[PDB]
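Participant: Residue strings, one per chain:
Number of protein chains: 2
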Amino acid sequence: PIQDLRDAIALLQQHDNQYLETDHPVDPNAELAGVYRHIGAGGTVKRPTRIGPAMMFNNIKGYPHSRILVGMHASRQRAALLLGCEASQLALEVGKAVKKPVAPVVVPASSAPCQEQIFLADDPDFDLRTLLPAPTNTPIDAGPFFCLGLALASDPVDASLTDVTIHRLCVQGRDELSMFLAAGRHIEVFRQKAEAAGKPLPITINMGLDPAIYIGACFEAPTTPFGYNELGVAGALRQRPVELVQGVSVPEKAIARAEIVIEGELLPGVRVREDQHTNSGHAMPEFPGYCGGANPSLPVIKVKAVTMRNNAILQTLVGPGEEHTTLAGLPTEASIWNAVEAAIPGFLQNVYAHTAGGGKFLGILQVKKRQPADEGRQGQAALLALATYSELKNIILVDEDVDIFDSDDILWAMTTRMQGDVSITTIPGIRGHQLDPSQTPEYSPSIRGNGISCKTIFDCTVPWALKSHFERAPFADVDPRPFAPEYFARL
Amino acid sequence: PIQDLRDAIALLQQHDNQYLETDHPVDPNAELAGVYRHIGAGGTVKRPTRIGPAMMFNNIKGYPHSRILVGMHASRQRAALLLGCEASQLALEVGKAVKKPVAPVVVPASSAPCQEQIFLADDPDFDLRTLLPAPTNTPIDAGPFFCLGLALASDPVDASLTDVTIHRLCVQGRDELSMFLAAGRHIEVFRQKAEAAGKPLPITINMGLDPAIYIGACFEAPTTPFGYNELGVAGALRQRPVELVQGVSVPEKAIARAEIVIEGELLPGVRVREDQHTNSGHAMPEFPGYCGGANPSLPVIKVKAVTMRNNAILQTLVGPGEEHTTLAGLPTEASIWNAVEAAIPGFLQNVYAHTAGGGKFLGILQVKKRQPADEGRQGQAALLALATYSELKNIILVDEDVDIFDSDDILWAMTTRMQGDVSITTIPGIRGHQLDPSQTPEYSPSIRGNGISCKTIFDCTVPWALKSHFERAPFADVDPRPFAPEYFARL
Numbered sequence: 004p005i006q007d008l009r010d011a012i013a014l015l016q017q018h019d020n021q022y023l024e025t026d027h028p029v030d031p032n033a034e035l036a037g038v039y040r041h042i043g044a045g046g047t048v049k050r051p052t053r054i055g056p057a058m059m060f061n062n063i064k065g066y067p068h069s070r071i072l073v074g075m076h077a078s079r080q081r082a083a084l085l086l087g088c089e090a091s092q093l094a095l096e097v098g099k100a101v102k103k104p105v106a107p108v109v110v111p112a113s114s115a116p117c118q119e120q121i122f123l124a125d126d127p128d129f130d131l132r133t134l135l136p137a138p139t140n141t142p143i144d145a146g147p148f149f150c151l152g153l154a155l156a157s158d159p160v161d162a163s164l165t166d167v168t169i170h171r172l173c174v175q176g177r178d179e180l181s182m183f184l185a186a187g188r189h190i191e192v193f194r195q196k197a198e199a200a201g202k203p204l205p206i207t208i209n210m211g212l213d214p215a216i217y218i219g220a221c222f223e224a225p226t227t228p229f230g231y232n233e234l235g236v237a238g239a240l241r242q243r244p245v246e247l248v249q250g251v252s253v254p255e256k257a258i259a260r261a262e263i264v265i266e267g268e269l270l271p272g273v274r275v276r277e278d279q280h281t282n283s284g285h286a287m288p289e290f291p292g293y294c295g296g297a298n299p300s301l302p303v304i305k306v307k308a309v310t311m312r313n314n315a316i317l318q319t320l321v322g323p324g325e326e327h328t329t330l331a332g333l334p335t336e337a338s339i340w341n342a343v344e345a346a347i348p349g350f351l352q353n354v355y356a357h358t359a360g361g362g363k364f365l366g367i368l369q370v371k372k373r374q375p376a377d378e379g380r381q382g383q384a385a386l387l388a389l390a391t392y393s394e395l396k397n398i399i400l401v402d403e404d405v406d407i408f409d410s411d412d413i414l415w416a417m418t419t420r421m422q423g424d425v426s427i428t429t430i431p432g433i434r435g436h437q438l439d440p441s442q443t444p445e446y447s448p449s450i451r452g453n454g455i456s457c458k459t460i461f462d463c464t465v466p467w468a469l470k471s472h473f474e475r476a477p478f479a480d481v482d483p484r485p486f487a488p489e490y491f492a493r494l
Numbered sequence: 004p005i006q007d008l009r010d011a012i013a014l015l016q017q018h019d020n021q022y023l024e025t026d027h028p029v030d031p032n033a034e035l036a037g038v039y040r041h042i043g044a045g046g047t048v049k050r051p052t053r054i055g056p057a058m059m060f061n062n063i064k065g066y067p068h069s070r071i072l073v074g075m076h077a078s079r080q081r082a083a084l085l086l087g088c089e090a091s092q093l094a095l096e097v098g099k100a101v102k103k104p105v106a107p108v109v110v111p112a113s114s115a116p117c118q119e120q121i122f123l124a125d126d127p128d129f130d131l132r133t134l135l136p137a138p139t140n141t142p143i144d145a146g147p148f149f150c151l152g153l154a155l156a157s158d159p160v161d162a163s164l165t166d167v168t169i170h171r172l173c174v175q176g177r178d179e180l181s182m183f184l185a186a187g188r189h190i191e192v193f194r195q196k197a198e199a200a201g202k203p204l205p206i207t208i209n210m211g212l213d214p215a216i217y218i219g220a221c222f223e224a225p226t227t228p229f230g231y232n233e234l235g236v237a238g239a240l241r242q243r244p245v246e247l248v249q250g251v252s253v254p255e256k257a258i259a260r261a262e263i264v265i266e267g268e269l270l271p272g273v274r275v276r277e278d279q280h281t282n283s284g285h286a287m288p289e290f291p292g293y294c295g296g297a298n299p300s301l302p303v304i305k306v307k308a309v310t311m312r313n314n315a316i317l318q319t320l321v322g323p324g325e326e327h328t329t330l331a332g333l334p335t336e337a338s339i340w341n342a343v344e345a346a347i348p349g350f351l352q353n354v355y356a357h358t359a360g361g362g363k364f365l366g367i368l369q370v371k372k373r374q375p376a377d378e379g380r381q382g383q384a385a386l387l388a389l390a391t392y393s394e395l396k397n398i399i400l401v402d403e404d405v406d407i408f409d410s411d412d413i414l415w416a417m418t419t420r421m422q423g424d425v426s427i428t429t430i431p432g433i434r435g436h437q438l439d440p441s442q443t444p445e446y447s448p449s450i451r452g453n454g455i456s457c458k459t460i461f462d463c464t465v466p467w468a469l470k471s472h473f474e475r476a477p478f479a480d481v482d483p484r485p486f487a488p489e490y491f492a493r494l
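Chains E and D are the protein sequences, given in the same order.
Just so you know, we're using the authors' numbering here: the first sequence kicks off at 4 and counts up by one.
Just so you know, we're using the authors' numbering here: the second sequence kicks off at 4 and counts up by one.
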């Protein structure tokens with residue numbers, strides 16, 4: 004029963020090519036990410052790249068006591084193994100946990116390995132920059148980043164209002180991090196409330212976690228009093244409550260079994276240029292595959308303490324590549340599943356938040372026309388997808404004999420089951436996502452500002468009345484294995 | 004030095020997962036194809052399928068002295084190993100051979116392994132159907148097929164005119180095969196000239212060949228006296244003339260080192276229904292991945308002899324999947340290369356006749372914009388492609404940082420470097436190909452007859468003025484090997 008990051012590493016070590024360690028010295032600045040680019044970053048990272056093992060770097064230059072984990076979630080198959088289901092059903096299996104969550108519980112400090120070591124920022128010798136190897140993903144980044152920081156925080160006026168969300172933070176100084184907070188999201192609203200009263204907002208950043216927690220926390224959750232409800236998904240996935248502990252230096256909870264916890268406060272009335280120390284003009288690589296722009300005005304966590312386990316692992320990601328595809332893509336798929344299946348039961352066979360869109364921009368919907376009235380519902384399923392997940396950009400529709408996880412087979416449906424002046428429907432001027440660099444006025448006369456897009460539905464389903472002409476060549480069913488057993492061993 | 008199929012097999016056996024044998028009894032009717040569907044048919048074949056080893060079945064039900072080879076050209080990497088070049092350069096490499104062909108030569112029967120065993124149709128016990136296995140691809144095919152028949156044929160009046168072509172053939176009786184010949188092709192014009200005079204056309208069907216010969220025979224060649232010029236490509240690929248032997252029962256040449264040669268004559272004033280023995284309504288699977296209809300009026304080869312090597316291999320294909328992509332796709336790529344490079348030298352970086360289009364329907368063009376004036380040449384390249392290969396359907400244009408052999412990366416360009424109402428150009432009413440089942444009046448109000456199409460250009464290149472915003476996140480160059488030697492040691 005997996006309850007923390009090390010229980011997960013143990014499971015991976017029982018399967019081939021899921022976990023890999025190296026003792027060869029690596030520089031956290033640029034080099035480590037450059038290495039994993041080849042081994043397992045995947046997704047929208049520039050070629051060459053591939054799906055591979057999660058990888059542990061034991062020998063980090065300048066950090067003789069540290070080790071860095073990347074790629075834990077950077078494969079769909081791997082995520083399936085870590086949660087005990089089939090990779091094609093991963094979105095549905097987690098969607099079931101979302102529906103029957105198990106609440107987290109509070110434990111005492113004696114039960115929290117994340118507090119086996121406490122480094123108070125009090126200490127004159129404290130220096131976040133030398134305590135933690137925060138990797139730099141590319142040389143043009145704004146600085147070192149932590150990329151899997153699970154932030155816990157509460158409303159400053161109503162303490163029963165909580166939030167759990169993944170963030171990335173740039174290291175800005177001996178005890179400072181900058182942190183981008185999405186407008187409108189709960190923790191930013193918390194921070195705006197505290198700042199309007201001139202007060203800091205206490206927060207914990209929890210890194211190195213059971214992958215069920217990271218995966219579960221990307222889904223929308225209900226809000227109950229003191230609920231930290233995102234944690235309920237992982238509670239359901241393991242059938243064991245996620246354990247919280249009180250912070251040592253701030254009045255906010257932290258993840259009891261996390262590897263590293265950064266406790267601090269968002270400062271009132273303070274802001275920094277994200278790239279103030281490099282003037283690179285960039286932040287770090289974004290899920291579409293491009294380096295984003297540096298944010299000119301960011302809030303700052305003032306660090307009051309770092310607590311960690313003995314031999315703490317620092318967990319982050321590279322790419323963000325396939326690791327982002329998994330964390331973002333399963334929620335994208337679940338919400339599309341839920342919307343289509345409630346409106347058109349039995350129609351959708353599956354949906355894939357394609358890695359080529361980082362799990363957000365590109366939806367592949369596999370439908371089955373069962374009867375004459377299903378003609379015209381394939382467009383309806385596309386409208387449902389675009390309405391339910393507004394950061395989507397394009398939809399590709401295929402039938403149930405097309406493998407939506409096989410990009411060759413998607414392009415095959417786009418070649419023999421599509422006519423350009425019939426099957427392609429453009430929907431201009433719909434808000435999409437600012438990190439798509441083609442969503443700009445300069446790219447298109449129908450785009451009125453950044454993050455607005457034309458959204459395109461590629462209908463590659465066979466028209467109902469023509470289906471008799473579109474049967475794929477029927478090869479006979481045979482068990483191939485007796486013909487070459489040793490060859491099918493390689494699985 | 005590779006000079007026959009067996010030398011090619013021995014080369015394959017020096018590389019991992021390129022060649023596989025099985026002694027498990029197999030039914031050449033349907034079951035064999037059913038097995039290789041899972042092991043390595045690839046291409047447009049229904050999932051599951053994949054690229055895998057070429058496969059030899061040694062244990063053939065009803066044919067205890069036979070063994071059957073499939074999948075020899077069913078892998079771009081395998082074709083590259085076989086011709087001694089890099090997969091990404093394959094078409095450039097065969098294109099060089101097309102330009103400087105090495106003419107074939109005639110050798111005596113003593114230098115002709117293909118006549119080690121002679122089976123005259125003279126013999127009352129001769130029966131084409133029990134002598135050779137002719138696999139069926141699906142249970143609904145017209146009948147047993149030979150799918151890699153290299154035909155040699157000459158003009159019945161002017162013997163200096165020759166032709167060398169690949170055909171498929173259905174086994175129609177004791178000593179008859181049906182053979183479709185493409186209208187206007189040289190061998191068909193030889194046939195019509197002979198039929199118009201009331202005379203048979205002598206011919207040899209050569210099977211089990213140096214892959215160089217099959218690959219080279221799919222390119223257009225010039226005509227010179229007694230040239231058999233398609234063999235000049237294989238000659239240049241091997242820097243050794245292909246060897247011809249005089250047939251034993253008909254006045255026409257055969258491939259000296261072929262595994263199997265069927266000698267016969269196309270009969271005048273005789274036609275058969277392709278599926279006359281099954282009434283299946285179908286021929287066999289076509290390269291777009293659907294079953295073809297049965298041709299109701301095919302000419303007949305009356306067999307006069309079958310010669311073969313000792314321990315002869317019957318070589319054919321399954322799917323036809325990836326084996327067709329290689330055979331058809333390299334000529335498609337070479338012709339696009341030649342046209343674009345002549346018109347816009349330096350602009351095309353590479354082209355991929357994508358396997359999802361069977362090597363014919365879908366072109367991925369990789370261009371590099373070097374200067375402002377290249378803005379607008381990407382579409383020019385697309386037109387060049389559409390002009391020179393009229394069976395193309397759609398073009399996808401990408402820049403030099405997109406891996407065109409990686410369908411995930413194509414879709415990525417389709418997602419972040421494309422706006423539907425800007426980047427997509429439809430060209431309606433252009434003759435395409437009849438075996439694309441969506442090219443019918445029933446699919447589209449703009450299609451006036453079967454085999455006419457809308458042809459779509461998807462411009463997924465970065466507009467020149469915007470290039471600085473579209474740089475893929477620049478992970479540092481690092482040699483990953485030292486960090487994980489034994490992992491990279493699985494190459």
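Misleading hints may appear alongside valid ones.
You can't tell identical chains apart in this list, so a pair holds if it fits in one copy or across any two.
Below, computed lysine to any residue pairings styled on SDA-like, alpha-carbon distance capped at 25 Å [claimed, not checked]:
# : residue 1 : residue 2
1 : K99       : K470
2 : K202      : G452
3 : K202      : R475
4 : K49       : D411
5 : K102      : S163
6 : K49       : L438
7 : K49       : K371
Worth flagging that the hints you see were computed from the coordinates, not collected in a lab.
Participant: At most 25 Å between CA atoms: does that hold for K99 and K470 within a copy, between copies, both, or neither?
Facilitator: For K99 and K470, neither the intra-copy (34 Å) nor the inter-copy (44 Å) Cα distance is at most 25 Å.
Participant: Indicate which option fits the pair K102, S163 if close means a Cα-Cα distance not exceeding 25 Å: within, between, both or neither.
Facilitator: For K102 and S163, only the intra-copy Cα distance (22 Å) is at most 25 Å; the inter-copy one is 78 Å.
Participant: For the identical chains here, do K49 and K371 meet the 25 Å Cα criterion within one copy, between copies, both, or neither?
Facilitator: between (35 Å within a copy, 16 Å between copies)
Participant: Within, between, both or neither: how does the pair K202, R475 come out at a Cα-Cα threshold of 25 Å?
Facilitator: Answer is neither: 65 Å inside a copy and 40 Å across each miss the 25 Å cutoff.
Participant: Are the CA atoms of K49 and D411 at most 25 Å apart within a copy, between copies, both, or neither?
Facilitator: Both, since 19 Å and 11 Å are each at most 25 Å.
Participant: Cα distance capped at 25 Å. Does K202 pair with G452 within a copy, between copies, both, or neither?
Facilitator: neither (35 Å within a copy, 74 Å between copies)
Participant: How would you classify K49 and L438 at a CA-CA limit of 25 Å: within, between, both, or neither?
Facilitator: within (17 Å within a copy, 36 Å between copies)
In summary, the structure is inconsistent with hints 1, 2, 3 from the numbered list given earlier, while agreeing with the others.
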